[PDB]
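Colleague: Here are the chains, one letter per residue:
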Amino acid sequence: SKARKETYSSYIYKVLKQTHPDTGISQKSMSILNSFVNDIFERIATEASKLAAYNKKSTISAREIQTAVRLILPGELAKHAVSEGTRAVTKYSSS
Amino acid sequence: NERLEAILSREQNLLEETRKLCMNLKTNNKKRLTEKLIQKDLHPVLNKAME
Amino acid sequence: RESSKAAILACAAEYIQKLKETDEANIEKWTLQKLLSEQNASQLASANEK
Amino acid sequence: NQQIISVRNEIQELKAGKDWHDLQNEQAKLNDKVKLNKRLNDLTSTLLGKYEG
Amino acid sequence: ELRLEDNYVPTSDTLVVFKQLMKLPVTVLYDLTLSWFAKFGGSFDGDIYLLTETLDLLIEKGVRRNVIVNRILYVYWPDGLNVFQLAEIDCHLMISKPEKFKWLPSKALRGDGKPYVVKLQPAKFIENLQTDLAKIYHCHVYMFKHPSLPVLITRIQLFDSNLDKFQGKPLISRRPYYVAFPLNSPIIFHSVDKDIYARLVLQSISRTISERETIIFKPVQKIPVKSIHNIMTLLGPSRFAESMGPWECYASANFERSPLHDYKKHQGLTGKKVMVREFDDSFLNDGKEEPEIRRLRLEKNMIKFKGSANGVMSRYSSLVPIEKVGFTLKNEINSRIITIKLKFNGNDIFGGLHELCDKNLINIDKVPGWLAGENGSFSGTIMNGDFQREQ
Amino acid sequence: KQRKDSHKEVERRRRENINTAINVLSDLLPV
Amino acid sequence: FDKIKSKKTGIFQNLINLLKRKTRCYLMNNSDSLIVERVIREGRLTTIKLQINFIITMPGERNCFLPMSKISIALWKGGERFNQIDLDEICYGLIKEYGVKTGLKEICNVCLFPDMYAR
Numbered sequence: 034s035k036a037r038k039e040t041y042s043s044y045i046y047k048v049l050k051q052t053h054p055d056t057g058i059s060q061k062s063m064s065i066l067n068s069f070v071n072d073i074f075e076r077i078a079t080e081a082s083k084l085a086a087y088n089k090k091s092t093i094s095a096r097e098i099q100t101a102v103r104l105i106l107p108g109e110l111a112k113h114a115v116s117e118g119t120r121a122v123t124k125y126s127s128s
Numbered sequence: 255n256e257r258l259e260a261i262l263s264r265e266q267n268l269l270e271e272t273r274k275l276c277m278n279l280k281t282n283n284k285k286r287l288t289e290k291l292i293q294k295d296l297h298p299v300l301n302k303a304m305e
Numbered sequence: 252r253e254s255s256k257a258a259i260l261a262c263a264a265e266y267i268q269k270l271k272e273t274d275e276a277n278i279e280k281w282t283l284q285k286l287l288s289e290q291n292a293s294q295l296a297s298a299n300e301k
Numbered sequence: 217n218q219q220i221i222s223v224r225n226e227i228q229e230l231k232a233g234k235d236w237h238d239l240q241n242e243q244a245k246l247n248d249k250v251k252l253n254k255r256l257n258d259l260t261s262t263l264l265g266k267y268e269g
Numbered sequence: 004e005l006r007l008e009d010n011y012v013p014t015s016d017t018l019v020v021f022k023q024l025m026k027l028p029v030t031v032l033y034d035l036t037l038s039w040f041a042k043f044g045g046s047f048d049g050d051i052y053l054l055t056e057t058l059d060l061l062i063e064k065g066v067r068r069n070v071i072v073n074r075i076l077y078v079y080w081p082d083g084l085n086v087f088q089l090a091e092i093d094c095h096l097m098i099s100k101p102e103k104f105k106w107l108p109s110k111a112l113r114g115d116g117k118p119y120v121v122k123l124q125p126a127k128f129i130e131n132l133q134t135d136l137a138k139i140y141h142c143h144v145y146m147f148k149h150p151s152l153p154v155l156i157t158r159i160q161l162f163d164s165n186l187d188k189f190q191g192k193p194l195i196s197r198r199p200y201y202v203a204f205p206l207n208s209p210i211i212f213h214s215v216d217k218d219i220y221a222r223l224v225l226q227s228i229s230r231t232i233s234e235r236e237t238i239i240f241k242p243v244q245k246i247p248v249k250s251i252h253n254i255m256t257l258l259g260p261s262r263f264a265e266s267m268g269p270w271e272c273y274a275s276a277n278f279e280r281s282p283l284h285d286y287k288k289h290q291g292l293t294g295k296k297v298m299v300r301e302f303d304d305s306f307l308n309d315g316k317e318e319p320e321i322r323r324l325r326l327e328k329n330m331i332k333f334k335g336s337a338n339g340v341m374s375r376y377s378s379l380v381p382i383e384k385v386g387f388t389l390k391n392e393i394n395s396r397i398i399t400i401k402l403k404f405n406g407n408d409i410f411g412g413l414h415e416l417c418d419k420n421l422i423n424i425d426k427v428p429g430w431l432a433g434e435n436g437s438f439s440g441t442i443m444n445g446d447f448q449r450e451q
Numbered sequence: 221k222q223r224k225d226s227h228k229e230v231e232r233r234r235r236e237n238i239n240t241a242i243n244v245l246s247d248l249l250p251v
Numbered sequence: 247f248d249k250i251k252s253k254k255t256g257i258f259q260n261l262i263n264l265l266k267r268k269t270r271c272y273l274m275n276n277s278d279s280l281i282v283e284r285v286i287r288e289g290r291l292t293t294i295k296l297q298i299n300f301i302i303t304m305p306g307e308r313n314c315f316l317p318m319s320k321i322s323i324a325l326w327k328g329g330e331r332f333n334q335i336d337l338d339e340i341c342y343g344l345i346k347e348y349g350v351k352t353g354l355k356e357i358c359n360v361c362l363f364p365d366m367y368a369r
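Protein chains in written order, with the deposited numbering: chain d, 34 to 128; chain Q, 255 to 305; chain B, 252 to 301; chain U, 217 to 269; chain N, 4 to 165, 186 to 309, 315 to 341, 374 to 451; chain A, 221 to 251; chain P, 247 to 308, 313 to 369.
Simulated from the structure, these hints should not be mistaken for laboratory data. There may be inaccurate statements among the hints.
[To be verified] Below, in silico cross-link-like pairs of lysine to any residue (SDA-like), each with a Cα-Cα straight-line distance of 20 Å or less:
1) U:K249 to P:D336
2) N:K110 to U:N247
3) U:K249 to P:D338
4) U:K234 to B:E265
5) U:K231 to N:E265
6) N:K117 to N:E265
Could you build the full structure based on these sequences and the hints that come with them?
Modeller: Written as structure tokens, this is what we have:
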């Protein structure tokens, strides 16, 4: 048997449709970008909860994630990342 | 349509020429029975098989 | 064992004409039988006397 | 289109009848019987002379 | 001359074929479309490997069937599919949902009234039938074997030209027709339709099979049957035919093992157990009961309606369910002939009668064999205690 | 004229066919 | 094989019974063939001689695997053998018309009693 495997490939392809509607993706490229988000997710979350443990505070929260991303990303990308995280969570909380 | 007419004619003629042979065979069998082995040259042996 | 009335009528007519046809041949065979039987009897009587 | 099918059905129907088989079998029997009568007469005459083959 | 070839494209309504396509799973769609592009290609630009990876990436993302169907009907082959694909979809539909289709039996006979065991090499048959049919109508014929039965199946469809239209030059389709051939048996199975096109077809098969001696088809039953499995079981070359109903165990043939089989496990030493019958009629007269005798009463009903204590195929579903039967008893009383005609209807007549026997509305010992299910699928008249199929 | 194929004409053909069957049966009778 | 041998002997014994007193007859060739004889009166003491065969063959080579039997006859008048093709066809036809039993009794009627039979 073979269990259903987690993937973000549909979302990756959709955002590529938004960017370049005429462009497709190779299978190897799609596996590569599917691995991108999981690798980033891990190296953000571990650092964020380690920072939370340094705070000796129970909850991993938005401030912890913001700090973790701005720690680990190179600064030029970090500015964009924190701005987009903040505006996204604000748009959500405005619901 | 005229091609179909031709096909119909072909089938009809072969049907007729096949039909006539049944009457031919019937009459031939009746005549041969009534003459060839009913005249008095019959070998009395075959009287039992014949009756 | 027909079921429909039309089939019953058709089969009845066919059966009637078949019986009529059979009767004539049944009549005809007897004359040939008489010929063969008297021929055999005459042959056997000739055998006995000669 | 109707007529062609009708005539083809008649063609198939004719050759599968019982009478068509019975007549041929009867003719074969007639031929066998007449040959047998010929042979029996010939051989009994041969046994009794006056044979005129 | 008029024989068609696989690359021609017919005309029809797109929505109907879309609804037909929606029945199929995703995987068979993938396989069919890969094969179609491999043989015919398509309007899409790219190698089959490019097509392979596009179809793949479509399926691992969990796309719905509608996307694939729309692609097939609107980009890959937008103008319409070939006749070959139209036949293939119906083939797959029949294989997937056999019970949706109906059949009738037909018996092949030769001059002397004997059964004609038809033995068929597909190539000669298909070429002769195509040549015979093409002289009258435009015909496409597709032939295949059932995945799980020893039967060859043929699909015949006829076309004609054109309500009004200009120089588009398509050929309009028509409802299809089907025929099947068991390997070694005198019987033929075909769809249930009496339009002149079906008559032309069946006549053409009768003409073309012969090749050495005349052949004619004689129907043996007037009510259709579903589910090609069932009609194969009833009339195909098999052990169950003429051993139906209470006589099924001989068709099974597992009760007896070969003589050199071991001694001590030969069933004769070990034996079995059974119930004693009662003959003075107490049924109509009339919980005050115990398990064991009731168990063997139910077993008695089982065997009377199924032929085996274990009940060789719920406890009521029969081997081949029968939907309709019509009987006609003819008995002589005081030199007077009396007719009783019973008519039953349902999904399984004899299973229902078995249920009524279990509820004790019918006396088992007075159920005749023809009512129990033997002579299965045959309506007929019973005279002198002998069943006779209706003409 | 009037175009129709329903009751009042479809039964006429059936009646006529059964009548012809009766006639052909009667033709063979002695009287 | 056993039953067919029994039937073979039965056919011979019935023929012997039907012919014994009117024409003495001799079974020979280890019960495989028999001989019958009558003296034709057309010529002065003209003899006529007939013998018949019923051979049973065990299987082993060339169609089935069972024991099977064969019939053939031979005829002489005055020591002169009659051509065997027509005699075999006579045997064939009369046996098919009347079986082996009555057919062979009738073969003997034909061959050993023509002088009575001319008409």
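Colleague: Would you check the hint for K234 (chain U) and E265 (chain B), treating anything up to 20 Å between C-alpha atoms as holding?
Modeller: 16 Å, holds
Colleague: Could you grab the alpha-carbon distance between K249 (chain U) and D338 (chain P) and see if it respects the 20 Å cut-off?
Modeller: Distance of about 16 Å is within 20 Å: holds.
Colleague: Under the criterion that the straight-line Cα-Cα distance not exceed 20 Å, is the pair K110 (chain N), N247 (chain U) satisfied?
Modeller: 35 Å, violated
Colleague: Quickly compare the C-alpha distance for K117 (chain N) and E265 (chain N) to 20 Å and report which way the hint goes.
Modeller: 18 Å, holds
Colleague: CA of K231 (chain U) to CA of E265 (chain N), is that 20 Å or under?
Modeller: Answer violated: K231 (chain U) to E265 (chain N) is near 30 Å, above 20 Å.
Colleague: Is the Cα-Cα distance between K249 (chain U) and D336 (chain P) 20 Å or less?
Modeller: 15 Å, holds
Violation of the numbered hints given earlier is confined to hints 2 and 5; the remaining hints are satisfied by the structure.
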